[PDB]
Structure formats: C-alpha cells, structure tokens
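Here is the structure we will look at, set down as structure tokens.
The complex appears here minus one protein chain, its other protein chains still in place.
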Amino acid sequence: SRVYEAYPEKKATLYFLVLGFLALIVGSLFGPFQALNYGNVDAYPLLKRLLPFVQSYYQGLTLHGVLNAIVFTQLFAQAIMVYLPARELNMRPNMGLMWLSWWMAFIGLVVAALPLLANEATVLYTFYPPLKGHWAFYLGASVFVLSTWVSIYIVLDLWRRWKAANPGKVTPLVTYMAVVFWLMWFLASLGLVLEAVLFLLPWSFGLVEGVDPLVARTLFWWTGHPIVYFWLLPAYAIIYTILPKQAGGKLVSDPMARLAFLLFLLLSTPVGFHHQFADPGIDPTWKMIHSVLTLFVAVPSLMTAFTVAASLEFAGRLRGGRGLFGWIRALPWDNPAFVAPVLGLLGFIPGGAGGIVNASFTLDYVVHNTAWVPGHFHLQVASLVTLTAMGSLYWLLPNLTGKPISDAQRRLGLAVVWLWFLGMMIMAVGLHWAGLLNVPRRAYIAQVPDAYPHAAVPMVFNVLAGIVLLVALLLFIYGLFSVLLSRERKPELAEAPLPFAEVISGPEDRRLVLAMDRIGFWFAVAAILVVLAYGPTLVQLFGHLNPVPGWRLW
Amino acid sequence: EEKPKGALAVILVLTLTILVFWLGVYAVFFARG
Partner (left out) sequence: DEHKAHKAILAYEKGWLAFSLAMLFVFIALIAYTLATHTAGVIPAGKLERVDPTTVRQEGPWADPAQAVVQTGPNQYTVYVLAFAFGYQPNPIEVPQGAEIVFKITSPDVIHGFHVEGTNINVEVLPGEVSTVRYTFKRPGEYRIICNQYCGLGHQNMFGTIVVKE
C-alpha cells in the first residue's frame, strides 16, 4: 500500500478501532443475558453450555463492564481524538509513538484479559477493595490506561507543531476540542494512577497485606467521573463538527462549541463526591459543595442541547423545513450516519434528567445502587456514545480503508440503529421502574425469584428488551464483518476528505474565542479547582490510614 | 430566516423531562422521609 506510506495515520487509526469494536462485541454478548436476569428469567445455564469458561453471573458482569465501558470507549477516544485533529491540521502524528501507544493498549489488554477469563478477577470494572484480583489484572489495566498518556503527548505535539507554523492564529475548532480533551483527561487520570501506584499494584504483588477502602474509592471516583466525559466528548466532537454536515446544514455557533468544551475542562474532575453521597468519613458539607458543582457541570450539556437543535432546524429548513415541526421530516433519515446519533440524542433527554436527579445529594438515597443507576447510564454510554460510534462507521470506515458501502449494507445498519435505540428505550423504562421499587443492581436476581414480586410489570419490559437487543446485536455483528471481509477497494475514497461541518461566524466571535484560546491559564484554573475540592478531604484521610486485608469471595 | 422555534421546542421537552424526574424524585424522598 501508497495510502499507508504518506498517511500511515489511517492504518494506525483502524487498528485502534478494530480492537475497540472487537471488545464491544465480546463484552456486549453478556448484555441480553443480563437484561433477562432483571426480567426474572434465568438464562445462564444456556450460556454456561455455550461458553464453558464463564463461572458465575458476576464474571459475566465484570467482562460486560470492563470490555465495553473501559476497553471499547477508551479505544474509540484514542481513535477519534488523535485522527480527527490530525485530519484537520493535515499533519502526521509522531508515528513511532502512535504505535507504541497501540501495542501498550494491546499488550495491556491481553495481560489483563487472562485473569478475567480465568475467573481470578471476579471484581467488576470498579474493583473496589478489599476484593483482591490477580496481580496480572492490575498490571495489565495499568498499562492499558497509561497508553492514553502517550496519546496525550501526541496531540499536544501536533498542537505545539501547528502553533509553530501559524504564530498568533487561533486554534482550529477540532484541535481545540482535542486539546482541551486530553488536558482534562490528564488531570483526571491522576486519581487512578495514584490509586495504582500507592495501593492496588503493591497489594497484588503482596508487598503490602492491606489497603484502605475509603482512600481507594475516594481516589477512584477522582478519575471515576471524568472518565465518563472521556467517553462522551469523542461523540460530542462528532455531533458538533460532523453531524451538521450529515444533516444538510451548518454548525450554528463556533464559540458556543468552544465554551461547551471549556466548561468540561473546568468542572470535570472536582465532583467525585456525588458518587460517594452514601459513604462514611466524608463531611456532609463537602458533599453539598460537590452537589452544586455537579449541577454546574450540567450546564455544558444544557447548552449543547440548544446549539445542536438549532443546527438541525437550520439543516431541516434548508432541506425544506415547514411550520414548527416541518423541519423534522425534511432531514436525511435514509443515512445511518445521521439517524444513529440523533436517535441517541433523543434518548439522551431522559438520560440527563435521571442524571440531574442523582446529583441532588439527599435525593440520591432514593435511587442509589438500585436498577435506576444502570437505567441512567445506558441511556448515556450505551445509547448516545455507542450509537454515534456505530453510525460513524458509515463515513470513517470508508475514509480509512477505501472500501465503499453497498445499498444492502446501508439499509441493514438502519434497522440495527432503530432496534438498538428501540431496545435501549424499552430497557430504560424497565430499570427506572424497578429502581424506584427498590430492586438493587449488581445482583443475580433471577436466582432469587420470590424476592421482588411487586416488580411484575417492569420485569416485562426487561424481558422484552433483552430479546430485541440480542437481535439488534447479532445484525450488527453480521453487518460489520461483511464490510471488513469484502475485497472491494477503491483506493480513491481512501484519499477523499472527511466531511467536516462548516461554521456560521459573527463579529462578536473574535474577542470571545480569543479569550478561550488561553489554554495554559485555564489548565491551571482546572488544577486549582481539584486541589481546592480534593486536597482538604484527601489530607484528612491520609493522616488516618486504616488498611484492611485482602478478600476473594467468588 | 427566523426564531429557532423548533430548537425552543426541543429544549422545552428537556425542561419538562428534568422537572417530571426531579420533582418526581423529590416526592418519594419525603414519602420515605
């Protein structure tokens, strides 16, 4: 291959995506079996016959968790927030480093997947101590997350190098999103790394016989909340800078897109205590502070709601948008690249309301650790983030390989996307319903059939969802592999440009946008927000450490 | 052209969604309080 020699960035991107979607498939198969579990049907003896290695429901849950929420998304971000800024700047990433970051993800993945497959790490994706997994679960996951640190370096390098060539000019939109993304992410990952270097890693090698559970989960949710925004913003980058092109219109305001991403650099990390509303040893006033800051982090998403909506109305009207709702029928509902994220954005609407509920401190106690929590983030990570990812196959995958899309394939995906969406909406009502009826999550509830009899009617939805989504998932696997198995190649659409969306600009832009490009300053603001929100609390925990020995309960 | 009437429609749906959820959850808390 020639394409691969002057743009070797295309090949490296695909190896990130393939490994990312493969981890989606292997991780997702446990979903339907879990959806029925909450419909009070026990599907697992069937699964034990299919997959002999699966030992328990919770080893299935750890795999579902880690391979989707941790491996799939992190390999999607690494694919998008490196390649996209590289395609706008038309510059090559330091290649030696890009492959060193891919192999790290792959060596890091293999080394950690064995202890999971060998049931030596039935601990779930949050791996709260004192539940001690095998040492190779921790070492492997370390190398897996530390991979993003080389990606950060690469995008910051691309940025440094662009600045060098155009002195005094404003950072281009996509790069700006990419740059404030990986900076935020670096601030975020510090809580995980410190948990890893201080406790988890020495623990599983035996160096230390104990770990404090309170510092271990305080540092976790340091990284534990921004990493959900490390999932989202890759889809947000694609909805801002690519969707308005796919809908037949423009992005209505560039400075609004920059301000949305700026607030996410500010209010991303210092909100962890919303996850620890029901934990001991944390001053109630510290939480009321982190409750308010989380409501503030709702603002970035509230702005996006209007900025995109006006862009879609702008698109629909240009295609011939009629009265108040006439623009809706005028969109290109024939293109899976358009249908996928929009639907997700609809389902995102109940998703955010559920979210703002959980942030309200005292109201958390109502829903905490019930089925409601999964009902919330499935409308978030499993709907909008994954649907965007699925749709994005229909443009990005042509641009990487040079293989085109047939009319059979274009239609097959539309169904997949309509089902997946229709399957996630049915489930949502199911878990929100049962969560308000006290059904705990993280539990093999089918194996205790007489425990939740008042949840008769939502259990119907859960059963229904698992069937529809199993169908949706299979069709996807089928549709994907056909694209990746054809010997059809046009090396010219492998060289066609990415369909970025053009931006409406005004006079009031200049002075604003110019202020937000003061990156080094805002990064320092973001860091002092962390020291102010976490430093006081962490210091008090560090003086009074209380390690407890390791346990294995699977 | 004119007023983003349709966008105002979408954010309002979102305003009602947050209110039915939040105020709804504010009910069960006191009824469990």
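Every chain is named by a letter (A and B) in the order it is written, and numbering of its residues begins at 1.
Here is the rule we use: contacts are C-beta pairs under 8 Å (C-beta built on N, C-alpha and C of every residue); 3 or more make two chains touch, one makes a residue touch a chain.
Although one chain is not drawn, the whole complex shows that of A:18, A:302, A:471 or A:498 it is A:302 that touches it.
Summary of contacts with the chain left out: across A:78, A:171 or A:370, the touching residue is A:370.
Checked against the full complex, the one of A:36, A:81 or A:356 touching the unshown chain is A:356.
Only one of A:9, A:88, A:195 or A:212 touches the absent chain when the whole complex is considered: A:212. Residues 1-4, 7-8, 11, 15, 18, 22, 26, 29-30, 32-33 are the ones on chain B that touch the missing chain. Mapped onto chain A, contacts with the missing chain fall at residues 56-58, 61, 122, 124, 128-131, 212-214, 217, 250, 252-253, 256, 278-288, 291-292, 295-296, 298-299, 302-303, 306-307, 310, 314, 356, 360-366, 368-370, 438, 440-445, 447-448, 451, 504-506, 508, 540-541, 544, 546-549, 551, 553-554.
The rule is short, and it goes like this: only the chains that are shown with their structure count from here on.
The centroid of the Cα atoms in chain A and the matching centroid in chain B are 25 Å apart. Residues 302, 305-306, 309-310, 312-313, 316-317, 321, 324-325, 327-328, 349-350, 352-354, 356-357, 360, 362-363, 365-367, 436 of chain A are the ones that touch chain B when the two sit in their complex. By the touch criterion stated above, chain B contacts chain A in their complex at residues 1, 4-7, 9-11, 13-14, 17-18, 20-22, 25-26, 28-29, 32.
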